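Each chain, written out:
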Amino acid sequence: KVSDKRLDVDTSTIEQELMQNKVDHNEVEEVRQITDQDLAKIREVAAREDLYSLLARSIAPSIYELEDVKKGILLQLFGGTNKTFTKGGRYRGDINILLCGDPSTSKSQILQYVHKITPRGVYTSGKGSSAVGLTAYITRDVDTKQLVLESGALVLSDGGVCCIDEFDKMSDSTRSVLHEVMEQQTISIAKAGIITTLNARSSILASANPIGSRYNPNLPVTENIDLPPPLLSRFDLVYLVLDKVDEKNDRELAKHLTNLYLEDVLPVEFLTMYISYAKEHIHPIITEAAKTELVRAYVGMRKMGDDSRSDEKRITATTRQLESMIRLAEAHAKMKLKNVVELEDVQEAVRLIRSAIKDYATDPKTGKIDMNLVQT
Amino acid sequence: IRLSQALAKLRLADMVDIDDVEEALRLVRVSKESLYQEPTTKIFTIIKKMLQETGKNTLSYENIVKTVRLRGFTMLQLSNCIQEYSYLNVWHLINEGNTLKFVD
Numbered sequence: 468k469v470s471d472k473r474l475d476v477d478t479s480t481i482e483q484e485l486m487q488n489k490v491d492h493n494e495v496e497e498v499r500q501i502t503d504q505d506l507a508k509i510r511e512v513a514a515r516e517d518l519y520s521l522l523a524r525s526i527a528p529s530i531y532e533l534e535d536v537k538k539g540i541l542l543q544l545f546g547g548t549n550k551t552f553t554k555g556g557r558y559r560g561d562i563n564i565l566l567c568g569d570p571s572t573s574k575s576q577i578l579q580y581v582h583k584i585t586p587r588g589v590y591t592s593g594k595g596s597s598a599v600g601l602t603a604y605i606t607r608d609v610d611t612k613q614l615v616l617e618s619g620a621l622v623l624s625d626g627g628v629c630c631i632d633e634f635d636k637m638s639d640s641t642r643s644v645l646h647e648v649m650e651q652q653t654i655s656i657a658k659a660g661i662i663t664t665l666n667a668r669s670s671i672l673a674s675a676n677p678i679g680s681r682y683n684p685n686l687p688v689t690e691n692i693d694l695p696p697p698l699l700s701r702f703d704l705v706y707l708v709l710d711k712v713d714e715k716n717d718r719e720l721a722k723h724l725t726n727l728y729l730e740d741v742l743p744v745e746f747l748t749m750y751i752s753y754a755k756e757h758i759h760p761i762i763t764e765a766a767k768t769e770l771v772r773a774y775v776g777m778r779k780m781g782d783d784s785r786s787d788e789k790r791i792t793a794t795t796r797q798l799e800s801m802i803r804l805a806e807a808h809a810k811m812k813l814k815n816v817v818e819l820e821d822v823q824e825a826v827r828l829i830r831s832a833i834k835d836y837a838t839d840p841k842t843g844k845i846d847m848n849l850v851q852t
Numbered sequence: 693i694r695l696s697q698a699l700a701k702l703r704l705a706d707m708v709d710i711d712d713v714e715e716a717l718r719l720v721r722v723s724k725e726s727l728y729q730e740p741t742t743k744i745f746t747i748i749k750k751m752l753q754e755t756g757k758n759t760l761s762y763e764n765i766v767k768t769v770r771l772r773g774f775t776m777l778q779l780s781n782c783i784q785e786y787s788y789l790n791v792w793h794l795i796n797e798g799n800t801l802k803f804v805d
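Going line by line, the protein sequences match chains 4 and 7. Numbers 468 to 730, 740 to 852, taken from the authors' numbering, label the letters of the first sequence in order. Numbers 693 to 730, 740 to 805, taken from the authors' numbering, label the letters of the second sequence in order.
For reference, chain 7 alone in the conformation it holds in the complex:
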């Protein structure tokens, strides 16, 4: 709201517009784009290796991060992997990011 108000004040207007809100949304989104500046199957094979050598459908997320880091990867890579195969309905991340559960 404050950013849209600032842009409106720069046009010397009285009403606030929608092109002003779009400019604020593009700034808030652009602020964090250096984090996405650059693997999915290789991390998938690693995660399924440690589900076997365990037994159950649950798997602590903290251990996943630690094991994947030692192999050598980036945290962006892991995030891209979890989401992608979360949309293919293979697993879901429950308990606010604490455990990983494979659907059947």
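Isolated chain 4 (complex conformation):
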């Protein structure tokens, strides 16, 4: 139940299976062994000055793309801190990302690469899924000829990543089931034979196609994506991938691609090992200096566009954005092996949230993007 090239399962979800294995004396090993030379290497690299760039660079070493896009995948892999209350009530740290933008980009490869690095996952198309196919169903076993219950797409993705491609092409009936999985990370089934609540602790990675040929900078974002504006606010990060014609970016991309048809970064093994180590041992906790900045940032974000709320030009800010900042600060702290979330983490989180939506080039009155200011 291990592989060098894939990540280790989340121990936060299998606590009692570990206890049962010891009571049953089965030596099936779930997590991998770490020698001390390799653990010394871990801190030797974790001390490096350019850790953040190096990690972002080694995520997908064959996708010439902005490092902001890759950093979101890197922080999605680490995940937020899972918190358990002793009076019932669970808070989880799963990150949800949307990749909107023109076609003819490398969004598709990101989803495939993330499918193949995460231990548990399922790949779904837009107009190829049903509610029954995502939740559960009853089937006839050709061996015993009786009726048994079988798991669905989202329940099989418990403690992993689920990749939904062409999210905008999906029916309102099928989009209905995702609300509960994005709110409470559960599913409630009341069908003939089963009345129970299931655990779906999964990360959502979705890509959407813009209306018409290309993204139109002259229109607002709410008019370019066929998705209700209220649904757009449930995602932690929204990535606008825009295409601009610029001669030195094109030159670099062409050389990059042609170099692959001939005959520093961290190899796959070391990357996965580092991520598993961090996800396994350390646990970050927030401080007051971070709380001040979090509250200030949320108030500042809400105060913006207070007048531009009746008209759906920009995406209105809600409490889920506050929770997104919390989650991203905790993930950035987990990277670099700290147990303390300082002010740098919150500043980086807010920087990333604004940079994803391209808020450094948007006119807050009309909702339009100046492409002369969108630099590669």
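By construction, these hints were calculated from the structure, which means they are not laboratory data. Some hints could be false.
To be verified - In silico BS3-like links for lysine-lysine, alpha-carbon gap of 27 Å or less:
no., chain 1, residue 1, chain 2, residue 2
1, 4, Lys812, 4, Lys767
2, 7, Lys757, 7, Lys802
3, 7, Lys757, 7, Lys743
4, 4, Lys814, 4, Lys755
5, 4, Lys636, 4, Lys844
6, 7, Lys767, 4, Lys844
7, 4, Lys841, 7, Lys802
8, 4, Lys722, 7, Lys701
9, 4, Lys834, 4, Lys844
10, 4, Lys583, 4, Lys472
11, 7, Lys767, 7, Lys757
12, 7, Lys802, 4, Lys711
13, 4, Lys537, 4, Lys834
14, 4, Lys755, 4, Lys583
15, 7, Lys749, 7, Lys767
16, 7, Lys757, 4, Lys844
17, 4, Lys812, 4, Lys472
18, 4, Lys711, 7, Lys724
19, 4, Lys508, 4, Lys583
20, 4, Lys468, 4, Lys489
21, 4, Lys844, 7, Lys802
22, 4, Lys779, 4, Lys834
23, 7, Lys757, 4, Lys841
24, 4, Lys711, 4, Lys722
Unchecked claim - Some chain 7 residues near chain 4, calculated using beta-carbon distances under 10 Å:
no., residue
25, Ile693
26, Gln697
27, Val708
A virtual CB, placed ideally from N, CA and C, is assigned to each residue, including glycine.
Given the coordinates of chain 4, assemble chain 7 onto it according to the supplied hints.
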């Protein structure tokens, strides 16, 4: 790249050549040549008529297309006109094809 690779495989070679890339470029260019199979001044006079009867230097491109179509023309004709007098430095098309601006 794929087309050049296909042509190389047809010669039974190991290296890819430049005459192979030229053949792929000629195919990609030839694919769309029926659209250019057949006015500049007459469309120019019409556009300058509707700039007057307005006042400013900006002019919506969607209205230009609609008005020119009702007169009776082809969309190739309009494209040839915009580019030609864009090189004579009379106007430029800005905002990704949304507005037309006359330089002074």
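Hints and how they fare:
1. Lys812 (chain 4) x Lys767 (chain 4): Within the cut-off at roughly 21 Å; holds.
2. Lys757 (chain 7) x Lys802 (chain 7): Holds - the C-alpha atoms of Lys802 (chain 7) and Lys757 (chain 7) are around 9 Å apart, at most 27 Å.
3. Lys757 (chain 7) x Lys743 (chain 7): holds (22 Å)
4. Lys814 (chain 4) x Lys755 (chain 4): The hint holds at about 12 Å.
5. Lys636 (chain 4) x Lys844 (chain 4): holds (25 Å)
6. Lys767 (chain 7) x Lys844 (chain 4): Since the Cα atoms of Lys767 (chain 7) and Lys844 (chain 4) sit roughly 24 Å apart, the hinted pair holds (cutoff 27 Å).
7. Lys841 (chain 4) x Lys802 (chain 7): holds (23 Å)
8. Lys722 (chain 4) x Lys701 (chain 7): Holds. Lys722 (chain 4) to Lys701 (chain 7) sits at ~23 Å (cutoff 27 Å).
9. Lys834 (chain 4) x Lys844 (chain 4): holds (11 Å)
10. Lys583 (chain 4) x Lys472 (chain 4): Measuring from Cα to Cα gives roughly 9 Å; hence the hint holds.
11. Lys767 (chain 7) x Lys757 (chain 7): holds (19 Å)
12. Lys802 (chain 7) x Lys711 (chain 4): Holds: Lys802 (chain 7) and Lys711 (chain 4) sit about 22 Å apart, inside 27 Å.
13. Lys537 (chain 4) x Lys834 (chain 4): Distance of about 16 Å is within 27 Å: holds.
14. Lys755 (chain 4) x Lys583 (chain 4): holds (18 Å)
15. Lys749 (chain 7) x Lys767 (chain 7): holds (15 Å)
16. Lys757 (chain 7) x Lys844 (chain 4): Judged against 27 Å, a Cα distance of about 22 Å means the pair holds.
17. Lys812 (chain 4) x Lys472 (chain 4): holds (21 Å)
18. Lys711 (chain 4) x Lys724 (chain 7): holds (24 Å)
19. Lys508 (chain 4) x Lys583 (chain 4): holds (25 Å)
20. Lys468 (chain 4) x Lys489 (chain 4): holds (16 Å)
21. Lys844 (chain 4) x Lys802 (chain 7): holds (19 Å)
22. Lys779 (chain 4) x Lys834 (chain 4): holds (18 Å)
23. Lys757 (chain 7) x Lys841 (chain 4): holds (23 Å)
24. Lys711 (chain 4) x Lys722 (chain 4): Distance ~18 Å between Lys711 (chain 4) and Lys722 (chain 4) Cα, so the pair holds.
25. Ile693: holds (7 Å)
26. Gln697: holds (8 Å)
27. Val708: holds (9 Å)
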